[PDB]
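One structure is given below, encoded as structure tokens.
Removed: one protein chain of the complex. Kept in place: all other protein chains.
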Amino acid sequence: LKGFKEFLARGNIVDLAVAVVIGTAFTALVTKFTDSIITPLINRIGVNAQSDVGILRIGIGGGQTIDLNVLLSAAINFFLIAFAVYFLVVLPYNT
Amino acid sequence: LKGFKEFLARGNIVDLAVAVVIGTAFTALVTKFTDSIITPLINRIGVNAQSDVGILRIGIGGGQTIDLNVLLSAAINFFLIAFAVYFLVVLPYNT
Amino acid sequence: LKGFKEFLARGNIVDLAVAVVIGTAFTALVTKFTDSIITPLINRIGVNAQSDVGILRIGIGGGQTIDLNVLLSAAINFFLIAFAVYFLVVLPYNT
Amino acid sequence: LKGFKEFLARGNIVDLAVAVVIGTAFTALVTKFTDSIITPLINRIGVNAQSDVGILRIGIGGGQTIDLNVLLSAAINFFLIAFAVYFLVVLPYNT
Partner (left out) sequence: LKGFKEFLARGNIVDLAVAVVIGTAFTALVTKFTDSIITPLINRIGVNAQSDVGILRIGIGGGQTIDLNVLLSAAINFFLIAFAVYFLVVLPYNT
């Protein structure tokens, strides 16, 4: 048990490994928040995806989509991350 | 060996590259748990996702889901990462 | 709320853990900017991927694709991340 | 070329970015080893996840699987990243 446990507490490895444990975790509470709740409110939009033809010589030549409104949800991803975390850092810490 | 091994041991490229190797590995364990186990208990819930009528100008007109309960399985994703790391990594360090 | 929200703010666990909240959340606005808008414009290219005849022991032995231009949309992926990170973040900081 | 190739050698960007270039790169060799070689021996466990009768008010009424295979595979996702980083990076460094 010595090799793994006692090397843990040193230096910046505990400041960081658990910190990218916070970067991926919280931004999933809040991204999967965007894209499950809101991106369907952004999938009711639909006006996008003006038809496109790409004739692949391997035979995919019916049509394609140039679909824009998930870019609209890509800001719903970033902003509400940057809203769910912007509230919690400013209130107890930034002051 | 010289170009790689010698410039292996330096600086933060270990405390910081290996530390985003603890981030993914521990949060590819516990997140892959959250949806292996809990989300289909939350997907047993199901009563979510009242339909969302989005008529694409490309021609998909059946229907869409404003699909909630994987959001509920994202709080399950942020919370239960923050407890499995609160005991293995925090209880023998913070104490 | 005490042991949690006040161990919140000490050291590099705020600067680093949310900089990867900014690592994933910022690029997702601009990566998905390049994949909903551009990669479909790069699906109009379509030329690349002359077939590959490759069998498996399961048995898939019809045809493969040796497909390039998403390499040519992965490059559009790295570049505009660099442009969008250079404008809102670096242009007010490099000054 | 001066704004790019002289702001790079400053501070910790080289030690920190190339690091998360190491972080994701290395576990991309190890987590996929987990899930390509082993996770499908873990789907050879087979008997997991007795059907989960979940009533959706919206249209799915046949069954739900809650597969513990991929949790036990996530245990193969965190244990096996630990060995690959301990042998190539730590044995000549911890010594």
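By written order: A, B, C and D. Residues from 1 in each chain.
Keep in mind that, in the parts below, a contact is a pair of C-beta atoms (placed from the backbone, for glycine too) under 8 Å apart; a residue touches a chain by one contact, two chains touch by 3 or more.
Taking the complete complex into account, residues 15-16, 18-20, 22-24, 26-27, 31, 49, 52-58, 64-68, 70-71, 73-75, 77-78, 81-82, 85, 88-90, 92-93 of subunit C touch the chain not shown. On the side of subunit D, the interface with the absent chain consists of residues 5, 8-9, 11-14, 16-21, 23-26, 28-29, 32-33, 36-37, 40-41, 43-51, 65, using the contact rule stated above.
Basically, only the chains that are shown with their structure count from here on.
Mean C-alpha positions place subunit B and subunit C at a centre distance of 17 Å. Each chain gets one centre point, the mean of its Cα atoms, and the points for subunit A and subunit C are 10 Å apart. Each of residues 20, 23, 82 in subunit D touches at least two other chains.
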